[PDB]
Structure formats: C-alpha cells, structure tokens
Amino acid sequence: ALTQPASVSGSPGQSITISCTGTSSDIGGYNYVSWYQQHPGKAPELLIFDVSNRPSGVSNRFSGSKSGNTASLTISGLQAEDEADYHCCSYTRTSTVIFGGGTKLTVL
Amino acid sequence: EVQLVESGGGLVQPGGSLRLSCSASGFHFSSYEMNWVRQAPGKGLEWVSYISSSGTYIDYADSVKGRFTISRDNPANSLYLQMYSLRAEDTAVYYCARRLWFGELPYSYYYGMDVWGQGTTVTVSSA
Amino acid sequence: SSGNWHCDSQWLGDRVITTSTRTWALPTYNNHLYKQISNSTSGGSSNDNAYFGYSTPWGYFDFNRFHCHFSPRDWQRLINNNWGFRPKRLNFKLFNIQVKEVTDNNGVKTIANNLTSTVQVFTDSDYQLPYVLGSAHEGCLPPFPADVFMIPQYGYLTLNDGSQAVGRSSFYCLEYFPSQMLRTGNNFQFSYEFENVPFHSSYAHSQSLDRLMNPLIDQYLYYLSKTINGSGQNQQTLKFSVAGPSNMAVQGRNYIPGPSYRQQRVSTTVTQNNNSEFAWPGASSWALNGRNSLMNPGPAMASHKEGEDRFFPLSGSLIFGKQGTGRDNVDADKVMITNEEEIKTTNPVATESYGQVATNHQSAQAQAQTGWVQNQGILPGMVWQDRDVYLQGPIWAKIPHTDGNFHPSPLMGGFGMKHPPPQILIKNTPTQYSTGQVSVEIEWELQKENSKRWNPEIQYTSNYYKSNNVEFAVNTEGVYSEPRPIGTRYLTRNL
Amino acid sequence: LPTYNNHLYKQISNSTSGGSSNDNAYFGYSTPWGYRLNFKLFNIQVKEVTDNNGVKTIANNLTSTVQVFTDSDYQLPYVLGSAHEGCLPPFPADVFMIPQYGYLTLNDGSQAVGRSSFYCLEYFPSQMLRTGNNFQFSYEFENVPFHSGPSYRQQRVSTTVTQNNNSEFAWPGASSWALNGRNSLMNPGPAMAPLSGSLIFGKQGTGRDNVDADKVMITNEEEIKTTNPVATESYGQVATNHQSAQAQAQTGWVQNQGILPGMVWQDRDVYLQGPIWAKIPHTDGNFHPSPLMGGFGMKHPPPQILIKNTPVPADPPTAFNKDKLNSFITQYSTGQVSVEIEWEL
Amino acid sequence: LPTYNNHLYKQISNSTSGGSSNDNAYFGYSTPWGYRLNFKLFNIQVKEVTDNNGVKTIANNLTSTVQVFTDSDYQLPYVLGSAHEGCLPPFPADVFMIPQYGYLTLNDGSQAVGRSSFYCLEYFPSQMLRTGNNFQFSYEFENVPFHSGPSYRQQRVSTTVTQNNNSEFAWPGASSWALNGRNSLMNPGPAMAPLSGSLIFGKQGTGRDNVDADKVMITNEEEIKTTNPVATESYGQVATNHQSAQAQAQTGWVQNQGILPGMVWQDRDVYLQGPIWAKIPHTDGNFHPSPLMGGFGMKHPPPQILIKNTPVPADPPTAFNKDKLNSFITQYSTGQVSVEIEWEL
Amino acid sequence: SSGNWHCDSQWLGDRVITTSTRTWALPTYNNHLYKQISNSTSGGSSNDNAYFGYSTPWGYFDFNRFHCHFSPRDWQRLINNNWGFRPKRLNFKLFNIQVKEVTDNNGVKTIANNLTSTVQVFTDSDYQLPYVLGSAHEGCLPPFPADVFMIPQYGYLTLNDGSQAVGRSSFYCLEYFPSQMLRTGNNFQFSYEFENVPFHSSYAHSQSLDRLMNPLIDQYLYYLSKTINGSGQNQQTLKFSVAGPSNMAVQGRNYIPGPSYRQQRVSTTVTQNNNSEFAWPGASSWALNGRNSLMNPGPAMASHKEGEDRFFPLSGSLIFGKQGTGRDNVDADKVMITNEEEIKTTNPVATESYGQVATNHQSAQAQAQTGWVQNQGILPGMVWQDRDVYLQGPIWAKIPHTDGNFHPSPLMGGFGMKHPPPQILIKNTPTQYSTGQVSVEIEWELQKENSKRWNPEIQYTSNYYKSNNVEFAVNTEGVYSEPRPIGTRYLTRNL
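For the protein sequence lines, the chains are L, H, F, D, A and C, in the order given.
Residue 23 is where the first sequence starts when you use PDB author numbering, and the numbers rise one by one after that.
Residue 20 is where the second sequence starts when you use PDB author numbering, and the numbers rise one by one after that.
Residues 224 to 653, 672 to 736 (PDB author numbering) make up the third sequence, in order.
Residues 249 to 283, 312 to 424, 481 to 525, 536 to 687 (PDB author numbering) make up the fourth sequence, in order.
Residues 249 to 283, 312 to 424, 481 to 525, 536 to 687 (PDB author numbering) make up the fifth sequence, in order.
Residues 224 to 653, 672 to 736 (PDB author numbering) make up the sixth sequence, in order.
Please keep in mind that the hints were generated in silico from the structure rather than gathered at the bench.
Below, in silico cross-link-like pairs of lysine-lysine (DSBU-like), each with a Cα-Cα straight-line distance of 30 Å or less:
hint, chain 1, residue 1, chain 2, residue 2
1, A, 258, C, 693
2, A, 567, C, 462
3, A, 641, C, 311
4, F, 449, F, 462
Listed below are several chain H residues computed to face chain C (Cβ distance under 7 Å; list not exhaustive):
hint, residue
5, 73
6, 75
7, 121
8, 125
9, 126
Think of the CB as a built atom: it goes at the ideal place given N, C-alpha and C, for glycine as much as any other residue.
With the rest of the complex left out, here is chain L:
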C-alpha cells in the first residue's frame, strides 16, 4: 500500500506537509493520487483529486504536490478546524485503488 506517517503536529498559523510514498505502479508511474480529511465518525471529505486539482467546496489552504515516487499535502494557516485524519488514495496499475494508514493531524 501507500506508506505515510502515523501522525503529524503543527502550531496554529504555520503550513505543514504530510507525505505518502508508493511504488512506481501506484504513484511513480501513474498520476492518480488524491487526499481526504476525515473527522472521527464522519464520512471522509475529498480535498485534492489528481495531484494538484481541487474540488469547489474545499478551502484554499489545502494544496497538493507530487515530487515523484511520493505525494504530499501542504496545509497552510492551521486552525482548530484543520484537526483531522488525512488519507492518501491512488489508483494502481491494475486500476484497483489503494489507501494508506491515515495520519492524524494535531494542532497544538
């Protein structure tokens, strides 16, 4: 699957970045990734689709990047709302999707 950290923390006001690393079939070769925030007991909400593309409902502060063989979500201007568990999703070579362990964001 896609390996991403167990947790990340940041102080309010400053931009932080989560990464998820995958094999050349998952990410390195194909440009499929996408990012989801989730709150406990709520259905996930999409943030970023494709690499950098973003849906209309989602806020400004969320962006995305692919440095190759890796994918990263950059959150800007942390608030109290931004606390959630961020997930990494990328359709594979065989067109079957895979996720990663989820990463909790703790705003101090």
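Following the hints, put chains H, F, D, A and C in place on chain L, whose structure we already have.
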C-alpha cells in the same frame, strides 16, 4: 442535496452472510461508478470493490475476492454489496462512495471520490 | 376562430422575438361581488401582518416570469452567446373567448355553451389602479405550453391603522373604467412599447475589483508601513514603502466594491447551525411605521465566500421550489436555492462585513480602535453588479412613483420601469365560467460577445448523464418539471 | 524597450513569487509586450547585441521589426489606471524605459478558477515597422466635467513620532474593505479634507522601502474642508433611543456615512505628479464615477498602446525538429515618442 | 380523432411496456397529437360526450376549436416510413381512426442518455380550426427516379413443415445486424431473389398473434431474380489458399458480398398494400438511398400533419389554485380529409 | 515594411474569417542538394517498411491542421452554435523576409544581416509534384501564435521493389518550376477558392438507426415467431405474428447501418488484456503488392459499445499525444485517444461483428446454422457518419487521382478535395538561413442550428474546479499545451 445513505446490517456471526444496500438521491446515479470501502475501527480506509455505471467492470481488491458480489439497480438508484463467508478480518464501517465525474463525453476519467456515505457499522463476532 | 396559435421564437441578428400562447379558464370570484378584506377575518395575529384591502371579482393575466417566453433550450442560446438583453416591444392577444354554462341536475352536472354571454377585458394605460404585478406572485402563464391555467383573482391593498381603515384609505371599483365586451366571435389585442432600459448584464467578470493592477510594475504611491522601529519604549517611527506586486493589498485603487446590508448566515448542514430559532429573530429587516419587513432578497451581494458552498444568506437569495413541493414547511431538499457566486468580483459578500473603519484618534496612551462596518450605503466611486435574472424569475417591476430614488433597478432582478406593461383585467359579465386563448409576445434586443479570450469559456451544458427520465421534460405521469435554477451569467468580460 | 521573457508568455502566480499570504495572493500571465489627444511613434532603430567571448558589441539591425497596436475596444485588461511606474519623465531630456505588460485574472489561492482567462496579444492585428516606419493615432476623449458629504473614517497619524501610539498599527488600524475574503486597504479612500487618506509621492532619490517621512511628499486635500467632513472625524451623532422620564437622550458617533439627498461634496484634487484619468469599470451600476486617486473618469479612456520587438530567430539545425525555437538573437530597439494633449479651461 | 393521453405528453419506455429483453429495450415519448401533393381538411365537427348515469349523449359543440400544423422543416421526428397501421383505409367508404403520434429517442436500457431529445408540439405555431374553417396546403415533390448484385444470405424455411427442421430456429437461425450491441433481425433486407427478407401482409380480419400461414400473404421477389442473387444461396466461391506440388486447390463459399464496381441490381417491388415514401436519415453519406421496403426515398419527404382536439376544461374551482387543470370535457372530433397526388408515368 | 500583422476572427452571419500570422525560420537542408534515401541506410529490416525516394533541400508551409486557424475559444463558439461548416476562400501572404548568414570562427558564431540574399518560394497549383499534405505529418504552424517554428523539409517517395527502384519510378526537380524570388523588400501573396465540399456534420443523432419506428402502433408487416409447437417428434409448424412495440427487434426497417471491418479490442486496464505480444499479429492490416500495412484508422466506426469506455479498437483510433510526449515507447497515459462513439447510432461498433448470416440449409437432419460476419462492405440502403474532425486533426486531404473512388471523404476525417490548397515550397538561395512571416486566411461558411428541441443541449465547457494551470494556456515555464482532443459533435439532430 447529494445524498448517499446505506442501510446495510449490524452484528452477524462468523461464517455467516450479510447484505448491504445503498440509496443514491439527488444526483444521477446511473452515470457514476460506485465504491465500497471499509474502515476497520482502529485502522485506515481500505477499498473493498467498485462497480461501473453500466456494470461491465466489477473488480475486487483481493482480500475478499471471491467472497463478495456487488450489484447496482439503476432505475432503483440503489447499490448492493452482498457478502458470504464472513471473517473477523471483515469488521468495519462500510462506506458507499462514488468517484469523480464531470459530465462529459467518453474517455474522460477523474481520480478521486466525490461524495461519501455516512457509513454503516458491521460487526462480525463469534460471541 | 378569430385567432391562431403562435408559440415559437426566432433569433434575428441583435433581436429575439419570442411568442407563447396559453389556454386559460376564468372562474367567478367572490360571487360577482367586491368584498373588503382585512386581517381580522384571517385573525391577523401580529401587527407586521396587518392589512386592509378589497378582493374584487375581476381576474388578470401575469406573464412577468421568464420561462413563459423562453424554452429551456432557447434560454441556453441566450445565455451562452450573449452579453446582454432587454425587452423592447410587447404584443398581447386574447382570443377565442368561449363562455360555458354549467348545468347541475341532481349530483351529476352537464355543461353547455352560452352564446349571448360576453367577457369584459380592460387594460390600464393611465396607471390609475394599484399595480400588483411587481410582487412576483403566483398565477403566471405556465412554463410548459401544453398546460392549461386558471386566471388569478384580482385584489389590492391600501392604508390601515391596525386592521381598521383610515381617512386616507382608498376604494377602487374597476367597473368605473371603460372596457371591451367580447362574444364567441370576438378577439382582443393591444401592442406595447417598453421604455428605454439598460441591458441586463449576463456575464461574469474575468477579473476581480481588487486585482485590476499590473503584476509587473510598482506603483509610484507610497504607503505607511513601519510605525515602530522594534520592541522598546518611545520607539515610534514613520516608515514608507512602495506599493508593489509583492504586497498587493495596500495599493491604492480608483474604485471600491458595491454597498452591503449584512445578512445572517445559514448552513445547509443542519448540525452546524445553532439549535435556536433564528428564522425571524435572526433575519435583518427594515421598519416602516412600526411594521418590520423581512429584507428579501435584499441588496445585490455575493452569496458566500470562496470555498464555502454549504452556506447561504438567510434572506439574501431567491428560493424557488421543485415540482410537487408543498406550500408550507417543506424539506430543505425540496426547495432550490439560487446563489450569486458570479458577482463576488465587484460585490461584497452577504454574510460578511463590508470592511473596517477607525473609531478614535490615536495618541501616546490610546491604541487604535477599529470596528466592523455592518451596512454601508453608497459612497462615490462604488461599482456593483445587479442581481441575476433566472429562467423562473420576474422580468419587470414598476418603480414606485416618488420624488426620488437611486438606481431604480428592482431588488429581485429584472428591469425597473415607470410605465411597465400595463395590467390586463378580465371578468365574466354577470353558474357561469369562460375559457379562451392568450398569445403574449415580447421582443428582446441583444448585446453580442466581442471578447478576445483565448481559452474556452464556461457554458451552461446538459450533463452526459443517463437517467430514469430526461431533464426539462415530462415524466411518465405527464408532469413537466424544472430541475434547476438557471442563471444568466456564464460568459466573461474584463473588468 | 528591452526584450522580455525570451519572447514567452509565462504564467505567474502568488506561488511563483513566493506566496507570502492570502490577501496578497494573485494569479496571472506575463507577456513579451510592453506598453483631445495625439500620439506618434517614429525613428525606429533596431539594435542587435552580440556577445563574442566576454565582450559586448552592439550593432544596428536593418531588416528587423517592431510591432504596435492600440486597444480601442478595451478588450485587454486595462492596467493604465492603477498609478503604475514608468510614466513619461517630467524632465524633457530623459530617456525612459518601456515597462512590461502583464495582467491579473481570477484566482483562488495561487490556483486558477474555471473562469480564469488567458489572452494572447499575438491574436490582435498589429502594425509592423522597419527602421523608417512610423506610427500615429488621434484619440478624442469623451466629454467629462471641468475639474474644480459622505465619509469613511481613517485613523489619525502624526508627523511628530512622540504623538503616535507606541504600537504597530500600520495594518491593524488601517481602513479596509473586504471583497470575497480578502482585505483591501482603503486607499486613498473617499475624498475628505489620515493613515491611508492622502496620496503620498516619494521624493527624487527616495527608495523602495522603509524610507523616512522627510523623503516622501504627502499631499493634502484640506482645500475642500468647507464642503466636506474631515478625514479622521466622525460625521456626526445620532439618537440611539427614545427619551422618556427614565430614558435620557442618548447619542452615538457616526464613524462612517454614505450619501444622502441634501449632501454636497468636493472631490480629491489632481496633482502635477498625480494621475490624469482612470477607467470606469464595466458594471451595471456605479455612483460618482470620478476615480478615487484624483482626476477624470472615463468609460472609454485613452486606449492602451502595446509594443514588442519582433523576435529574430537564431540559426537552426539542418534536420527538421518539431519543437518550437528557443534560441534568439539578443536584440533591442529605440526611437522617439511624441504626444499631444489639448486642454480646455 | 379521439383525445389521447388526456391532454398529456407522456414518457414511455421499455419497462413501461414491461420490457425484459435487452434487444427490445426502448425509450421515448407519446403525445396527445394525432397524425405535387395537395391536402385539405374541411367541414370540421366537435362532438362532446356527457354521461348521465350510464347513457352517453353526443352533443354538437359549435364554439370549440381544433388545431393543426404541418412540419415542413422536418424539425419533429418522422415515423411515417415504418409501415404503421392507421393510414387512410383501402375501402373508400370506410371511416377510420386518427392514430397517435409519439417518438422513440436514444436510450441505454430503459434509461435515457443526456442526448435524448424532447419536442413539445405546442411550441410550433398552429392554425386553429372551428367548424367553418378549412385548412389547405400543397407540396411539390423533389426530383426522383421513375420506379421500375450484393447478397446477405437468408436462412431458408419451407411452407411444407415436414421439410422444416425439428427444432425452434425462428430467432436462432436468422441473419441479424447488431447495432450498439442490440441484435436486430435483418428485415426486409437488400433486394434479392427469405426467412426474414420477405414482405408479408395479413389477410382481411387476421389476428394479431400466432396466426398460421393461411392468414397472411407472403410476397416473393422472384420477378427481379434475373439480375439479382438468390437469397438462400451463397453469392459464389473463392480460393482459400495457394496450390503447390503438395497442396490441392481449395475453395470457400461467399455468404455475403458488398458492392463491387460494375454491379447492377433491381430494387424491391412495390404493392398497393405497401408504402410510398420514406425519409432519408440526414447523414454524412449513404449508398443507394432507395428504401429497402420499396418506394421513393427522399431528403424532404411530404410533411407531417399533426392535429388534436383543443382542450376545453371542465368547471374550474372558485378560488385560484396554481395547479394545472386536470378535468376536461370528454370530446372527440371528425371532419373531411382529402389528399390529392399528381403522378408521372 | 512589406506587410502588417493580422491575427483575429470575424463572425458575420454564416461566415467565419480566420486570420493567423506566424513567424518562421528556415535553414538550409541537404547542404543545397538532392539525395537518394532508402531503407538500407537506416537498416530496412522489413519488407513492409522498404522505401526509395528523394529528400530535397526545399521546405514547405503546411496549415492543414485546425488548431492553426481557430483559437480554442472560437472553436468552442463554432461547435456549440453550429450544425456544419466548410471552407470557402483562402488568402495567403508571405512578407518581412530576412536572410541571415552564419560565420563561425572556432567557438562562437556571429550572425549578421545579408541584405542581398534572395528567397525562392513558389506554389504548385497544377499538383505536378508529389503532394504530402494529406498524410498528417508534423511541421504545421504551431497552435499558439507566439511560438516560432522550423519549416519542414520536403521529400517524397516513388515506386520501389524493396530498396531498389524500377524503371517507372520518377524524379521531380523542384528547381524546374518557375518560382518568384524574394528579397527583404519583397512579399508574396496568392489567393485560393475552395471547391464544392459537403458541410462537416457536427452533431450527434438524437435517435438511433433501429429506433426510427413509432412506439405506439403496430406495423402491418408479419414475421415468423415459432417453428415448432412443443417437445417431441414431428413438431414442424409455421407460426406468424405482427411486428409490434412488444418485439422491436424484428420490425421491418428501411435503412441499415454502414460498413465494418473488425478491429481487435484493447483495454485501458492492462490486466484485462492477454499476456502476449499481440500488438502487431493481432491487429487488422491490409496488404498491397506483397507489403503488409496496418489498417489505420480504417472505416469510421464507433469506438466501443455503450457503457464500455476502457476498450479502444487496437489500430482503429486517432491517437494524439500530450505536450512533451516522448517519441518512443511512451506510457499509455502520455497519449490522447479519440473516440468516435457519437456515431454509434448509425455505425457498427469497431470491435464487434456487424451481424450474422446463415451458412447451411436446414432440413429434418440439419439445424439452421449461422456464422459471424466479420467485415461487411457497402450494401444498398446503408447510412453512416464519417469520422469527426478535431481541433488537433487534419483539415483536408488530396483525393488520389484514380479511375474511381467511393465516398471520397478521407478516413482520418476532414474535407477531401481533388484540388486541395496547393503546396507552397520555399528555400534559401544556393552557411545561411532565412526568417520571415506568414499570414494565412480561410473563409468558412456555417450552417445555423435550427432545432425546436425543448430541453437543453450538451455544450463544450471548461470544467469548474480549481487547478494549477488554466487549460489551453501557457504553463509557468511558457510551454503552451492542449489538455484534450476536442471533436465537433455536440448539438443534436433527429435521424
């Protein structure tokens, strides 16, 4: 006003069977794919299966593969996941989700899942 | 058969000529009587709700809504290709008037033709009646021509003290106007000319007011930047910097966005809203002579900020309803809520402040106090977009005769006028009803797209969806339903 | 007139320039183009630069060309109204550089929205000029009124530093209007007899950053103080309730006022370093279109004039290659610029 | 001319017929309208029907109207080339029923792609006829050939049953053409000397279903066989390989052969039971437009003529209700219908 | 100056005027020579790839692709509001010619104006040379006007047996044709009139070929429903039934779908494809004079059945490629695959059989036997649609001059012409190169949209979601790009 709400089922015995159903309201259901993903209580999301709008392509991630089926009734706007030979390895909140679509002509694909179901809890336990 | 059926619209150059013809039926209202109506008959349990008026036997026609004159395909041709439009000429026909007599024998009833009976129709070109077409009332000609509709009963209101009348209150007998009488062989028509109005903009700016600047070049104006040299005591200073594209907020500008009168914010996700009841307490209103009035839809403003769909102004936007939607306390899903997202370039956001000002003078001991501006009237050098018309919306209103006004363009959209299309009043000449045909025509002058934009636009497009039934079409039972509100602003211009 | 961006149009955004904050965020494109009434452009001299080894040898270029077009339908973004640098110099003998063209379109964050546009100025017709060719046009202004109340309050700032409060109130106390989630400073603001209230020109030699107060020329409008409210003053008082036996008469301050019937006001004053005209945005409604930095407003202002040095391709390889050509002869050009602006008193 | 669908446009589909086969699935609508060349419609009558208890009462209604238009722009869908019942009858004294108009559109299964179209016939201008009004128009025919080889093999079935196979081969044995994956029986097919390729008419009074051979008239196209191929015989033979010292020659049968330069053929023979004209589907290209069911294929065939009873409501209520009026006086109309066609010999 | 800069489009009634001005740079090819070229130099390891011919020093101009003449916007404008288009006039101007001469001493070259050099440029209007424009080769003017391009090198191929020539081969000398010679004060203009061509069909049929019927009525025609009564011996019988809305498979239809040549089926999910190298062996291919050659793209056929988008016909598509795509063995998502599915109503699917036919004659001892029809050419009564034209595709191709042809429209789509726009050859005069300007103009005639359709159309639109770059626009580095292939079939007509 886009609403995915699934009834599904609760506690069930190992080795038994279960039928999860979903209800798509507010959006055209026949165009989109649909996904079943599951979140085990302490662990992250895992994608069980997906079904195409026409039903031509139905693919299963191989954990389940062979033990579940997936069906969708377009006039009834309802997705179905029926499962047999349940294990404890399957206990999760199951989500009814659909993938991104933008209403264009064929050969256009978008990667990500636009709208999500609020979930149904499935407990497969012997005791 | 004194007239024929005319419906289709033709597009010629910078003009659109659309025609709709409808089949109508008129009942007998108030038992051929005038009846004074007050609230005390309905109970009028509040003073904001008090009224005094007269329910009259007369009927009237209202074509004031757009989808009367445009098919959802011909609304597309308009909005995709055109920057502006506005009405020029009107033509109104009333023909094939057929009066029937309803015979009641025991419980069953037979109905027959009554030949000598006449129908009276008079239209007011001196505007001596109260003009009720401007409140976007129900009873307009149906959107789908194959439906047959029932003419609404005429009525009006006038002054009151509480629910009782006053010495200045009025009474109008429409009988005292001259009218025409028509038997089964008579038709009625008259032609109209709209007064000069501005083109209704149907485009979205390709720039925002605050970004008009050139990204490559410093301004030659300077702004105050550092008022302190750092941390310490008696550190005051005055430092000045150039306005430049690295810092674009502080630059000087020639124009500033439209006016605002704030609204409360309501979320589509019910769990986020407060548990209290703010529908009436929360709403922003305006008090006239002890009677409050909900501010609806209100001044033209954006509906929500960027990346925040789930919110809508409580009383800031027009709300329609889907076919089959009941009258009272329907679910949120049933109603369709329009949003102003296009005008967010030059117009302030409804749920947000206009801005800030300073409330004091600073000195050695007195910090700068700023406070929020909730409502801001017109200042010199404001620019604002009016509200967008919808396929379902009102076309014109009548500008209340007064000493003064500012920008008479009405708040629910469309074109303000001092002499709108005149009201058209009708009755059964005194168990009798009458049917007929009505073909209304309007002519629209167009403003074509001159834009040099390189990349493709944003168009109103039907999705490639495959569903149970086609959109903007009848379902199995024969019900014709409109699934969405369609705004006029898609193409872009520079600001 | 240098040669900008290697003859490329390049997307520029907030992220490209470092992305400091949301308020200052932008998205746009940059161009190789640079930018009664009368205008003439002549004496075209096209000068190729050649660097052989380490020294620069500047020669004429005879065949090479220059392009110009006026935008008389106002189809491109109008940048001439923002008080940018690069205006003709006040001293008639100076040789001025032509500033680059680029524009801002719709942006969300540093990203581009669906309605964000892109303009290729190559997609305009334009007049090509060799060394002996010239260009001119005559513009006729629309009729505006001769050059010679409501208030939105400004903070009061003093030139004596001791008087000002010892805190950083440059942006915290600044008047600003909020438009779609971004605070724009209120500058200079509605004309009143002020932290952001008055136009500030920098003196000759005064730099880009953090210059002292004696190095900038601060205009004042106090000449209007007979018809207008002061910039930092409350417009008045209003009654905040009803009197009665136990209810006193109660007043509160008007920190901002709009128009009323019965008001009169005078505008901000033109200056000799200041702007002449500005464009009135295209909008369904506006009030008192006269621009807020001073001068005359117009709905068809003096058109922009756009000019570039047409690229001269460098030697290419002998075997066909489908890519565009990236290698070009270093080049520039110059000449004369004459303009005639009539005035009526 | 009865009143169809109670003055309603109604979506119809495959599941609304009960459906259950994919090759049979369809989606579309049904309309309240019914449907040199000269034409006149005159002496109209409006017959209103009341029922007191159970006795019906036919009453003259002189005041009522009837609607008609013709579609000369071919803007509406065109069903007239499909051999439908409801034409002017063979026997000149017969009185006939005006058939219903409705049109199929695109589907996938019983649902509708976003490309499906919905036409509202109320949206043309139409001429409304009372009892004294007449309606008349002419139509000129475009240049068409005076009415007087490739093969796609048909399966052979015998009218002597002991000659036929002892199995159900009606559908499994037939030549079909799949279009978008829906198997379509090939009928009548290309003109040939025929399990699914022969026009078959019913004898007077014949039932709808499971009728036997004696009840229907099975035509045969043997007359055109001189210059055409046998429907039950392979077009010919070909070589399947190369002979050698080690390889005997081999052959194979030609079940179907497209056009080749220099083919001559006869078209299908037309009957007084069969159709006259068809509409060529507007397309980039076609070959030999002559309709496989015979007659004159045209780009602008004779217009469609659409007609309905103008709805007159029953007594509306006494206070206004925005709902449309669903209660209508029972009614149906009749009159005189005269078609006149000039012919060339 | 010898010419001005004109780029824009004018929209007048049914006419479109497309004005493009590009700037070219032409080097010297073949060191001023003619050269034999053959397979054996490059290694010629295939009999299908064996060629013989000559590469000439000249260049040529090619505008034969659409993105030259139409901005992405004006393409969108054309597709949404029109039912067809076609070229009328052609106007071409060559001006501002320059010739640079190269001198390189050791490391660094110095390029200086040579004023007296001449440029040889002529147009062949009698089509005496080999005409390579209809082959969809590279070297056409760049889509984006600011980009400068390298004029292609001309060359041609004559007959061969393997690498070796034959006596009926030809050698054409581009020096033999009279050619105007241009210096830096000269400009070359000619005009051209397009021959009669059919309007390109740019609409998707609303109804399919088999649903032309009326759903409400039976046909008077009869079909064979039952060949046996039940289970057992001697059940032979003949039963018949009306063809009706119950069973629509069998109704007699005037028209039948067009030709087919079956293509192999490839899935864009690589794990549904067979684990073998079937790319060359599997694909359809036509043979000529012993040389095999692929069938590409082939007859115009729908790409896939309705609802199956991961399949594309192996060789039967127009596969463009994204900006930056490599030359060789690029991954499947580096390329763009067009689909013709809009025609699927009239035309068979490319990966499916056109139908079946009956092989034998049934008897008591034989079952009726049928077989798959793989390739079915024209039969009388067929209707079909041609292949679509894309913003990135060819415009025209030259109809080979031959005894005869059927449906001259070219199989890669566009407008076939017996006298297409002529070739324009150019060269430097015999280390030096030229640079100059080109302004080409075409006048296009339009077919206006007539539809009465009630519910709104599918339009082309730019999708509404935030993205890093605006589509059909430069990136940050300056590289223009075209995100996807835009066909023209959007509006709809009846069949």
